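2 protein chains.
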Amino acid sequence: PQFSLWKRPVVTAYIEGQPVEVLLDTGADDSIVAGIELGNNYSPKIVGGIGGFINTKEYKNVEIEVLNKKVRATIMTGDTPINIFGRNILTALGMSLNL
Amino acid sequence: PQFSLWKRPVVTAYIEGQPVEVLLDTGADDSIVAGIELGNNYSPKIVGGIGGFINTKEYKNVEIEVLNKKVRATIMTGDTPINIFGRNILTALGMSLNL
Ligand SMILES: CC(C)CN(C[C@@H](O)[C@H](Cc1ccccc1)NC(=O)O[C@@H]1C[C@@H]2CCO[C@@H]2C1)S(=O)(=O)c1ccc(CO)cc1
Ligand SMILES: [Cl-]
Ligand SMILES: [Cl-]
Ligand SMILES: [Cl-]
Ligand SMILES: [Cl-]
Ligand SMILES: [Cl-]
Ligand SMILES: [Cl-]
Ligand SMILES: [Cl-]
Ligand SMILES: [Cl-]
Ligand code: NA
Ligand SMILES: [Zn+2]
Ligand SMILES: [Zn+2]
Ligand SMILES: [Zn+2]
Ligand SMILES: [Zn+2]
Ligand SMILES: [Zn+2]
Ligand SMILES: [Zn+2]
Ligand SMILES: [Zn+2]
Ligand SMILES: [Zn+2]
Ligand SMILES: [Zn+2]
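Keeping their order, the protein sequence lines are chains A and B.
Using our numbering, you'd call the opening residue of the first sequence number 375 and step up by one each time.
Using our numbering, you'd call the opening residue of the second sequence number 375 and step up by one each time.
With the rest of the complex left out, here is chain A:
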């Protein structure tokens, strides 16, 4: 696949079997999703961007299916306004950003 960035690069992923729309985001080190519950085994952490900061719950070794690939990766949950697949997942998939 190629994403020409004329539009937001948004795709459907399955996280622990739940479908979610996610933004493929080179400007995110990590990945953060809203609307899914991953359980009591997490590490709380704060992240920051435009507009401020949010509390998140960091989960390791989460099953992710996206772009017809299956990977296991770290996912934060929190009250993000958009679901973000950052570089930890993009690299796991073998994605690159090219000029």
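Be aware that one or more of the hints could be misleading.
Copies of the same chain are indistinguishable here, so a pair counts whether it falls within one copy or spans any two.
What the hints assert, rightly or not - Here are the simulated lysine-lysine pairs, DSS-like style, with alpha carbons at most 30 angstroms apart: (1) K444 / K419; (2) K443 / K381; (3) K444 / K434; (4) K381 / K444; (5) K434 / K419; (6) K419 / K443; (7) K431 / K444; (8) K431 / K443.
Since the hints were derived computationally from the structure, they do not count as laboratory data.
Chain A is already provided as a structure; the job is to place chain B with the ligands on it using the hints.
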């Protein structure tokens, strides 16, 4: 050029001659830069990031030098913790996300 995403895709750029560190950000619609001073010829814009909304100053037809190219694009200045070149500039540069 190629960004393999194991590290942040950060580069240096000039905005009307002013040097900046910028993050190539496929998750950003717009390009938002802090600290540079582009003058009084702007319109206010409202931008929503992970944490909430900020006001920005929108400047059109700004000269930008990055990745050995020169383009004219819209820059918004405001309080972002990381300067980001979003898809308005990535498309002007002819960049893409690939797997
Ligand atoms: C500002 C970047 C340095 C870090 N962001 C990733 C960006 O692509 C971030 C992703 C995002 C967030 C909220 C709504 C829509 C998209 N785009 C971003 O702010 O773009 C700004 C805000 C506006 C809406 C999208 O385009 C306009 C320009 S982020 O704050 O979301 C973030 C911060 C920390 C982590 C954890 O590593 C993940 C994401
Ligand atoms: Cl499986
Ligand atoms: Cl190329
Ligand atoms: Cl890299
Ligand atoms: Cl490297
Ligand atoms: Cl210059
Ligand atoms: Cl926009
Ligand atoms: Cl606006
Ligand atoms: Cl916005
Ligand atoms: Na526990
Ligand atoms: Zn499975
Ligand atoms: Zn499946
Ligand atoms: Zn909320
Ligand atoms: Zn090329
Ligand atoms: Zn590298
Ligand atoms: Zn110049
Ligand atoms: Zn830096
Ligand atoms: Zn915008
Ligand atoms: Zn505009």
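Hints versus structure:
For the homomeric pair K444 and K419, the shortest alpha-carbon distance inside one copy (25 angstroms) is at most 30 angstroms, but the shortest distance between copies (39 angstroms) is not. In this homomeric assembly, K443 and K381 come within 30 angstroms of each other (Cα to Cα) both inside a single copy, at 22 angstroms, and across copies, at 22 angstroms. In this homomeric assembly, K444 and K434 come within 30 angstroms of each other (Cα to Cα) only inside a single copy, at 15 angstroms, whereas the closest approach across copies is 42 angstroms. Taking the shortest alpha-carbon separations for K381 and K444, both the intra-copy value of 25 angstroms and the inter-copy value of 22 angstroms come in at or below 30 angstroms.
Taking the closest pair of Cα atoms, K434 and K419 come within 30 angstroms of each other only inside a single copy of the chain (12 angstroms); across copies the shortest separation is 37 angstroms, beyond that limit. For the identical chains of this complex, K419 and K443 are intra-copy neighbours only, at 27 angstroms inside a copy versus 38 angstroms across copies, given an alpha-carbon limit of 30 angstroms. When the C-alpha separation of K431 and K444 is checked against a cutoff of 30 angstroms, the pair qualifies only within one copy, where the shortest distance is 22 angstroms, while the shortest distance between copies is 42 angstroms. Taking the closest pair of Cα atoms, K431 and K443 come within 30 angstroms of each other only inside a single copy of the chain (24 angstroms); across copies the shortest separation is 41 angstroms, beyond that limit.
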